[PDB]
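The form solved without this ligand is given below as one chain in structure tokens.
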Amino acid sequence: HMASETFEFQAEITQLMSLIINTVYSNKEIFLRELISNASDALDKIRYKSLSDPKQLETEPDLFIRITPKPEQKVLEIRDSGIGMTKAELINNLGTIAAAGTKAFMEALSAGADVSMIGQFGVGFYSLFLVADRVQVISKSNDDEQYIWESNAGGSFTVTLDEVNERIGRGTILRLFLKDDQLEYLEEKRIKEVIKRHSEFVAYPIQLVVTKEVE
């Protein structure tokens, strides 16, 4: 299905995104920690669900977080083999449920809270807009087909049955279209340094996919 469906963001999420995408906050690298955390949580959920439904793991037995720079497309992908999101979950989780939390965080920001507190308000996902101006969330839950949720921080987002990306057995890819001045997050050394600042207690392998010219 090449036909996409369009949806409106809850207004507070739109407000949050505009604040993030436009902030001159200095520590943009915090986004990586927040996405790895979300990835870790999605993995926790599938592991926990598998405790009483082991077959849930069979669509992708390896549990991992994988980071893939795609320098030519100025894209950075953060992939997990976690629980994934059905179409309805994408619509719900990314476009509505975060509303209240985004409002609480915005008030904190207004009072002077550090943007790095975002995950403590349960809305760390949106920190991707610190470094990206557009994102595709590609997700495959055991309970649905593979779907693409796409947002450019504007008030609307689309969901499209996925007929263009690699099949993921199960889980989620955040495909960040990096801003032109944030291309340092395509670089292996930079990515490694940022990850190491907070990767100490991640229970899952964090894989970096590096493209090396032979010789």
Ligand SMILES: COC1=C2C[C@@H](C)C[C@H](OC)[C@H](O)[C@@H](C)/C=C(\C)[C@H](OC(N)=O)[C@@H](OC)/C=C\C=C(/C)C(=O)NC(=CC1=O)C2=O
Contents of the next structure:
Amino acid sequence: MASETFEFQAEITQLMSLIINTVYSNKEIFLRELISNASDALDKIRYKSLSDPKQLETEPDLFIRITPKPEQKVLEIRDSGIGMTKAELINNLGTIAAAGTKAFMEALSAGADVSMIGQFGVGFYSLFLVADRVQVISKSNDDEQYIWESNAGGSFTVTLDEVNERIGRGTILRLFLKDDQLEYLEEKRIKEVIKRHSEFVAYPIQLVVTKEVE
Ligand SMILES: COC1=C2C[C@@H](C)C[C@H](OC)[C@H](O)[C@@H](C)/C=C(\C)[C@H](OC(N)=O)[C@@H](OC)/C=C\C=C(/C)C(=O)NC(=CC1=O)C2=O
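To test you: the structure above is the form solved without this ligand. What is the structure of the form deposited with this ligand bound?
All chains and molecules follow, beginning with the one already shown.
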């Protein structure tokens, strides 16, 4: 319940500020980036399990799941991958990405397409193309479930999770969509973005759709 507050390394702050404010036209690339991250996390729990099969037991099903939450203007991207500990959330989302953000920012200033962001290993931050706030909710086998929260400002919070559904293992990216990016809540649009940029994914991609019965 009591949150802890941390400062972003200056370079990450710089990268986020640029992305949340950019008028780049191909914002849909965020979904490919987050699906790729989900796939990586799943690769890692699968590989870890080769020599430690009990690691799968916390969530035997390996999947990527996409859930639009229209009333809240939220889009969730979930995986049952390896997940992240508290220390991992703090270090990797707040500091380790710093250098990668610098080289990528230099490439941007030179004319690189924002879509290159994954090749510089900082594609997580592409979520700010469509969202002005994010909660990363994560459960590693090695720690409790935690919430990392950022609004692209210079600081982020980490809080022990006593408010969200239990995930057996893995991560939820909960995107709070900008008012002009609500198209990414629609089933039709989501399918077309997946089919276009994520053709070769080794894991099931599940879409959770809410429909009124008549
Ligand atoms: C190859 O590893 C990747 C790294 C190196 C490093 C951070 C990996 C991380 O180390 C603790 C875990 O091993 C890994 C399993 C966790 C994820 C991929 C998370 O995604 C999900 N769904 O768990 C991702 O998002 C919340 C966290 C950070 C992503 C960043 C900063 C990024 O921008 N791009 C990156 C994409 C990557 O694939 C990246 O830096």
